[PDB]
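For reference, the structure discussed in these notes is given below.
Note that this complex is displayed minus one protein chain, with the remaining chains in position.
Residue numbering begins at 1 within each chain, and the chains themselves are lettered A and B in the order written.
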Amino acid sequence: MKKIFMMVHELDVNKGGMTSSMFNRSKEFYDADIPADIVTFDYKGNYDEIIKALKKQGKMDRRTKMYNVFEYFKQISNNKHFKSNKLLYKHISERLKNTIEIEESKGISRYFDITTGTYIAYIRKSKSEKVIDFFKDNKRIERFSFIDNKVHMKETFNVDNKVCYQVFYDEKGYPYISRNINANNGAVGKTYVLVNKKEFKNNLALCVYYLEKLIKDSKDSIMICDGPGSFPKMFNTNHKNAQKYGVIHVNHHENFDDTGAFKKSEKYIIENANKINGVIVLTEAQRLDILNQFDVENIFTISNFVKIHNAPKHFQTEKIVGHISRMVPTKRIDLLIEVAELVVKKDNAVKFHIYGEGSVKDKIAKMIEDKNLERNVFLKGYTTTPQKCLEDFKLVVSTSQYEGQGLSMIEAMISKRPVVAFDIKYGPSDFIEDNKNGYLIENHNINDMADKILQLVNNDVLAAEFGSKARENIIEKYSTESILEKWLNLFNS
Amino acid sequence: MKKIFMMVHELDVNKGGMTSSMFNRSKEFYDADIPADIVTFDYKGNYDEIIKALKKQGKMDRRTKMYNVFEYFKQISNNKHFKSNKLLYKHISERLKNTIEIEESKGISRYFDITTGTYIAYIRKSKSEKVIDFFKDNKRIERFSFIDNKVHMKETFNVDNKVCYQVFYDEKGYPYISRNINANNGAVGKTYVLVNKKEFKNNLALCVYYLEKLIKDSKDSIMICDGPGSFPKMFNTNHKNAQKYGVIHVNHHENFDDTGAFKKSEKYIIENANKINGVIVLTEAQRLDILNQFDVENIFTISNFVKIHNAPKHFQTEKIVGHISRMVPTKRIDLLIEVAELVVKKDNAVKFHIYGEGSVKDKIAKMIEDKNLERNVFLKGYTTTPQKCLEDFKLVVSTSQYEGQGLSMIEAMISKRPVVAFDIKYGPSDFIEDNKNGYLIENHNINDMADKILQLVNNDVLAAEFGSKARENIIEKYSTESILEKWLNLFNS
Partner (left out) sequence: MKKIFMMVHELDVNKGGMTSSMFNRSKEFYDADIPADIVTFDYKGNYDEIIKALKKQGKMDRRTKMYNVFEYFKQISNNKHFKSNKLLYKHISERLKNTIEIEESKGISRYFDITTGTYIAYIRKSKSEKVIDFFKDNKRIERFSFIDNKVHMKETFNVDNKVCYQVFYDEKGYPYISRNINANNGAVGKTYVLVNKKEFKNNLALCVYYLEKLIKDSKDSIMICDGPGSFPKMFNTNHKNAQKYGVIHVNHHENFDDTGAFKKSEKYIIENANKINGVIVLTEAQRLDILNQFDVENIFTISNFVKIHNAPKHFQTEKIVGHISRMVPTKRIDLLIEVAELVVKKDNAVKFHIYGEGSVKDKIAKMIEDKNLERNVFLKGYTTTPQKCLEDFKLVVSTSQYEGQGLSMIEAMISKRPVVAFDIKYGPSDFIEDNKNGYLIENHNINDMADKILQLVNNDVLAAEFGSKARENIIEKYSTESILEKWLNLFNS
């Protein structure tokens, strides 16, 4: 009779990392007969289309449900009214009355008052979505947003033409919620639930009320909070029986901080660990780190569930070294190019395939040019099928300075590909057996890493032996049955 | 048949100092059969309530009338219309038409358009006063202000939500005046007397016209201008027979200026003294100072009238030293703490009671902590009954660097309390007889002042003898009959 609620601010088709885990964690719990659903706290006029696509693409399980604060009230409003809000559509159409249309593109058209030449409206049609912008004294003041010719949301714009206020509409066109938006930072202020004629300080206020309405105050109701920003939404509920857990997915220490600083959102979760049921960390290393620095004891280690897909038909014999990750400073791809340069000198043959995109994509691209490794290092860009990429690698390398567990390397080892990576906080140390299933390089030692890639990339015997021992290892440690038992013990306690 | 008009920009229940004098000066002239009324130049929707309270509290005489520029036209408008301005209240109510109410507090409620969710209005009810704020494109643009459910004033707000324009309404809701307000500084620009369909450059322009309409151009009409900011309102009238006098209530030299600078407003009055009937100064010291530095001769000394209330039943035998004044830099309470420290060392017994509030209240409070005089110096805060406080003092001390006359010390001497104060510009020198009725300490000599407080606070014989000689002195010099004769001589001349 247990029921899990996993919290994250939003869900999207592009969005990854944490969501991927949550999606899979939901499959496992649903398989274990504990419905584990996702709760989001954002507005999306097309959430149905997003979820429908996520499930079609097989990223999200068919069983997994997504609860959303704004949809919750939208349903109350849908049930409350019976005829369409004809007066709203009449208001919109009346505004566009004695006007002349000046087409700019296909969908794009502008509307000017025939009697005065005043600029009235801008309209942009686009398959299913239509946008109507209303002007006043030559400045856009409003934006009516339609999906399938039915309005779902209206926005008011300030002097700097920036959203200062939102209004969401139900399936009949009636307004159910409105809210002030800080134009500068985009922060959500006073939220007005027009359907219930109730005011809320901020969105947090609203979601706290919502979670109290959604989740039954039973010891059987479990709240796992993945998204660290969503933590106080959970933490602030009046629930006295329902269980509250928080999951830390990243190394809690502020990245590139010799001062010993902590990540704001994470620090807050860790600090309150005794005030809730528990704080879940992925590695046992992180658990001890937290217990040492903080005067709190409700910290627990529960690894991510691991998807044990079938290993490729055959090993890669060619000297191809791979890496699949987001292009961000924490991943230190800058160091990867420095190792790549050291490797290609001692052996010209070996090629490096770097999949991914982000901020540092440009810096790394220019870095290859200067180091003259254009014929060896190839930035293969974004990938949608990363499992198919793994088939083509002899070994996977990771320069990452900061990690939570490094599931990416774990996922590589299942595909019988050995990992040569820097021993960092946190993860590699747990699953990489140095000189057995891959190489656990001492941090920053680019010369040692270069030597070990050359060793492994040249011997086809080692690459196959270390790769097979890598999969055998993950299967042993990361047993899905046991990780589930770990959770159950924690819930039933 | 003489009639006096005393000018000050505004009147209020909190307001003090000058107003107190004006109020009492009005009693004396009314007693002498010369009606002396107050003329104000500010908008207050509740002026009746203010005056009613001032007179109930006995601060303002029952006979004293208050003439006000905005009330003057309001009466013309009241007399001009016969039915209520129904169309205005209809306009306001129509704005609040198809709306939904979202209560925040008791009086506070918000109004949103049922068809569109637009934020329409904010309403805050509060016993007699109601406020309606109207919004446009999520920003407040207008504020209708009601008293007893009848609108009296409307305000328009700029982009930074600041008053840029006012409209006052009469007893029927009709507009009689409107005016532009500089949003930055709050300055009043173009004033439009809608009742008379007349435009005015500034408020000065308007009040000048008003004073010409109010005051008869007879030699029997006397204008005393107390408020220095109101001076040009008087000075600029076309009156050829009516008398124009200006009163300087403070030391005309810019405070804390070694350069020998003059106070803008005051300098202007002094400079024009020959162009008007006269400039009245409180002390004979100030009179000579002005005559020396300025090439003008219409300066006269006429002290403040003094209220000779009954002295307390008995003297204070306990070592309690007092001070009742506003907490401002000119009063130099910082020096008072330095004298208090010097005194408490030589005699632990003596306690200091400092009544009053202002800007330097915080600095002085922190100053007592550091000097460790918490058990001796007590900041008794604001007082409403200062005469009752005087009963509890053995002697009154004053560190004030700048004064106009120092009526506060005079008022203390009437209550048979000797004054130990710094000899400054202007006042003490006239009424304090050193080593006879109090101590006239050489300025900044905190060591001499400390020694004299100790002398007086210890000898109960001296404290009673000097205190009695203090009252005997004020009664002699500050004879109410003679001060009145001084004025009469000036008017009849």
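By definition in this document, a contact is a pair of C-beta atoms (placed from the backbone, for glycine too) under 8 Å apart; a residue touches a chain by one contact, two chains touch by 3 or more.
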item	value
Which residue of A:48, A:49, A:104 or A:362 touches the chain not shown here	A:104
Hidden partner chain, touching residue among B:62, B:197, B:240 or B:313	B:197
Candidates B:117, B:175, B:246 or B:418 - the one touching the absent chain	B:175
Among A:20, A:75, A:78 or A:118, the residue in touch with the chain that has been omitted	A:118
Contacts of subunit A with the absent chain, listed as residue ranges	100-104, 110, 112, 114-119, 137-139, 159
For subunit B, the residues touching the chain missing from this view	85, 87-88, 91, 136, 141-142, 154, 156-159, 164-165, 167, 169, 175, 177-178, 180, 192, 194, 197-199
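The definition used in the following text is that only the chains that are shown with their structure count from here on.
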item	value
Inter-chain centre distance, subunit A versus subunit B - centres from mean C-alpha coordinates, in Å	64
